[PDB]
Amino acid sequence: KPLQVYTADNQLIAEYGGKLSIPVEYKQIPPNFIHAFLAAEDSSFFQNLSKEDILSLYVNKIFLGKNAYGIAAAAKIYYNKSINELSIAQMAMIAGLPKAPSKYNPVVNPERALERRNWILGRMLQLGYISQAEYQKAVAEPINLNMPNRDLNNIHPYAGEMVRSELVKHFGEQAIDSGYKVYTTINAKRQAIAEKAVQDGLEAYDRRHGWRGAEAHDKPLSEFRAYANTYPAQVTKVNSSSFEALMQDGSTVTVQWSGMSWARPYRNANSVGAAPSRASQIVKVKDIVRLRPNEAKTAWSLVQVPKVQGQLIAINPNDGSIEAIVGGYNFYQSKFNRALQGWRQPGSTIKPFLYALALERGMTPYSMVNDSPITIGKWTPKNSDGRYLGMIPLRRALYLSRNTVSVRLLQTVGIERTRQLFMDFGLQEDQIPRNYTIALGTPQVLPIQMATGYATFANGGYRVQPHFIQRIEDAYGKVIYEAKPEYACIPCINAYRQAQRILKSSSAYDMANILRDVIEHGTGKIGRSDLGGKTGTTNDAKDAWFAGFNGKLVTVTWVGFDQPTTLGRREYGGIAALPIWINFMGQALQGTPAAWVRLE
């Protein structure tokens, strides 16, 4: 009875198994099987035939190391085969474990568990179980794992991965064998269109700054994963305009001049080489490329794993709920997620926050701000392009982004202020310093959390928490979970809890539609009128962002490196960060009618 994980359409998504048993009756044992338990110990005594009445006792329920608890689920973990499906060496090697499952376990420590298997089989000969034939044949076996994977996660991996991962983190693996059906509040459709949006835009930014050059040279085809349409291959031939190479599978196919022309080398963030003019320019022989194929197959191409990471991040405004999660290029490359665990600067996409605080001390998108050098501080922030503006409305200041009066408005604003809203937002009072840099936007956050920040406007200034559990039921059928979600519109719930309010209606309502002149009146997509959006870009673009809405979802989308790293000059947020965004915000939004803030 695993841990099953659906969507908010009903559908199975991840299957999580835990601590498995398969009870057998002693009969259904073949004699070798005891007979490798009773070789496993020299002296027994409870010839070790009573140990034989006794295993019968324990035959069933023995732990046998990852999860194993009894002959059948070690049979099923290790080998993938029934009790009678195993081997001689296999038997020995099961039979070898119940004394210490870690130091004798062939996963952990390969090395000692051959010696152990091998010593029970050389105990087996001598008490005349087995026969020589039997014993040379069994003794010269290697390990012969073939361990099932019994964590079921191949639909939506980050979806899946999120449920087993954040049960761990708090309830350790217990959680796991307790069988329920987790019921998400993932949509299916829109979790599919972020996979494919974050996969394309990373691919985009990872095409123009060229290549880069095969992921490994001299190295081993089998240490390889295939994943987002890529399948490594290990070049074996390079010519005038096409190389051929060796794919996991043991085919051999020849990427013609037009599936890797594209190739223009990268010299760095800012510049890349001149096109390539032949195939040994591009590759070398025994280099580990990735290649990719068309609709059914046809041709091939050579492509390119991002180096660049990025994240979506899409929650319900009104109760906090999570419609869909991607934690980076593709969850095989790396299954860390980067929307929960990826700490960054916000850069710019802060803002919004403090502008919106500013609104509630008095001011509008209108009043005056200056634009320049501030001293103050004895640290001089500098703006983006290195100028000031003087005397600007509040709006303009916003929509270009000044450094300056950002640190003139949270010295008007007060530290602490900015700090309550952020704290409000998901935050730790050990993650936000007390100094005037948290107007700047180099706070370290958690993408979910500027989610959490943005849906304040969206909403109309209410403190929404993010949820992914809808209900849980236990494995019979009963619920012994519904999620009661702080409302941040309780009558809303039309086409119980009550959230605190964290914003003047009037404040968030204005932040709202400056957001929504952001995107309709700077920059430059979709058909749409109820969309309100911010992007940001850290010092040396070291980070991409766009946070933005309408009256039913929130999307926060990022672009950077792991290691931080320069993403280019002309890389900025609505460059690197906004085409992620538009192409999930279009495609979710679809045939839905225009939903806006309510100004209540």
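We call the rigid core the largest set of C-alpha positions that still match within 1.5 Å between the two forms. Positions refer to the first chain, counted from 1. Compared with the form deposited in another entry:
- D287 shows a C-alpha shift of 2 Å or greater between these two forms [criterion: core-superposed Cα displacement of 2 Å].
- The Cα shift for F224 between these two forms, taken after rigid core superposition, is 2 angstroms or larger.
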The other form holds:
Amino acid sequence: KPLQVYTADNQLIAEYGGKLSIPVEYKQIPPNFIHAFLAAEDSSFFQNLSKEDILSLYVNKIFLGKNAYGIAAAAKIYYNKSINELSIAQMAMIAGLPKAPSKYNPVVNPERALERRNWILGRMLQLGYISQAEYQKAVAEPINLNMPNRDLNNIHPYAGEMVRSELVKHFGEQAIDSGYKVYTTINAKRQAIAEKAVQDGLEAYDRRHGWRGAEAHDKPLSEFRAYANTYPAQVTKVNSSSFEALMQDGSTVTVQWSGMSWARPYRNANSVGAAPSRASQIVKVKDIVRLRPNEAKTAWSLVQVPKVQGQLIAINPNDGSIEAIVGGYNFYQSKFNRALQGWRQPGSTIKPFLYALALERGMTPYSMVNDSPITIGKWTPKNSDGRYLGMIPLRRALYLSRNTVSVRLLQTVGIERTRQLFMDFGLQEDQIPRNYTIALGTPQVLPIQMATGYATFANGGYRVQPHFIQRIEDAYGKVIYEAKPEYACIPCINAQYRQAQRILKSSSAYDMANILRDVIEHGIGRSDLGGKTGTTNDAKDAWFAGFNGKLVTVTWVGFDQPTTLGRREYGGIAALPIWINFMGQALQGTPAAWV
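Right, the form deposited in one PDB entry is done; let's see the coordinates for the form deposited in another entry.
No partner chains or extra molecules come along with it, only the chain itself.
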């Protein structure tokens, strides 16, 4: 009974196997397997009937490491075999594990394991259980691990892993052994859209930054893996306008000029070389490249896995339901989920929060704010363009992200009142400094926390908690957990007990939502959308946080090791296209839904 993961549309997306026990009838056990146990220790005081008799009481229970309880579970976990498919050497390997299933474990100590195994094999021979022929064959046999994957997550990988890693982080490995059916809030259609939007958007950034050369040269093709619809290939012949490449299935393909002409060489983030004029400028024979076929598989193109990373998080602003989550370019690259674990600075993307606090004090979007030079101790917060617009409306100050106005508003609204608000918005106390730079978007945040914050605007001023579990059923069919979330608007559900806490005045949240809608309509065929771009120092991060009354989406683009994305790569350039693509498709065929 594995841990089962479902989307909100009843689709089984992942299965997590825990502690495994496959009981077998004693008479079904190969005699050599019993012999391997009998030879595993020099002396039994319980040729020797008694140990065989007492072995039958433990044979399906013995902890053999790596979640294996009993001989059948070990045969499955280690070799993906039935006990009847095991070789003498593999039987001797398993029989050496009861004593210390870590010291003699073949996964952790392969040397120490073979030492123990060969000793048992030698003893099986001395005891007459095996012939010298069987013995020589078995000692020469390598470890031969064929460990099946028991963590099945090949449909919506980020969504599946979110469940396993969270249960394990909070409740440890026993959470998987439970055999529970976890019904998530994940919308499979929206999840599929998000995965494609992040892939396309990262590839769009990547391509405009240029060809970075083959990922490897003169390395074995078998050491590479396909992912994100990219297939490792080896360059075998280079011509003037085309090249030949060897695939992982042994077939040779040809890439025509049209499939590689895009390859202007990357020089740095703000520079690409001249458009290629010959295939020899792009590839060398023995290069390990990535290719992509078309739908028919009649044509192939030279592609590139982006070095840049990204994420997308989409929540329901009324209850905090996580509808879609993408934590990187592709889950094969690494299990790392940037939506939940990726601490980055939010930049201008934090301003709607602070400005909503100014609106709380009695200001209006039209209220005049002062964009002039300022000082705190010695520090001078300067504007992006080194310009000062003087007295301007609050809404224009926000749209143009004026840093002196922000610092001035922080002084008006007080640091602590803002820190408490950032905390109400979802933000971590420890990650929020007790200084004036917070008005700038200096606190490190998680994209999920930003989504929670933007939901306050979409919902009318309420604090919602992001959640991914709708219900949990036991293996026997009983509902053991039903989500009871805090709702911003209870009448809104029935287009439910817990009412969410109001963290912002209704009028301030509504005003900020409309400023955000005006911002998105001065920088999809929809009129119910609002949003804010963000970019950090030296374009180390590109953000877009936006919403409608039914859905909040936060997109991020950047390198894991903070490096410039490029002079031209503002939040509005790199993150915004991902947001648009997802939102346009996720909201296609839904009526206008404002605050």
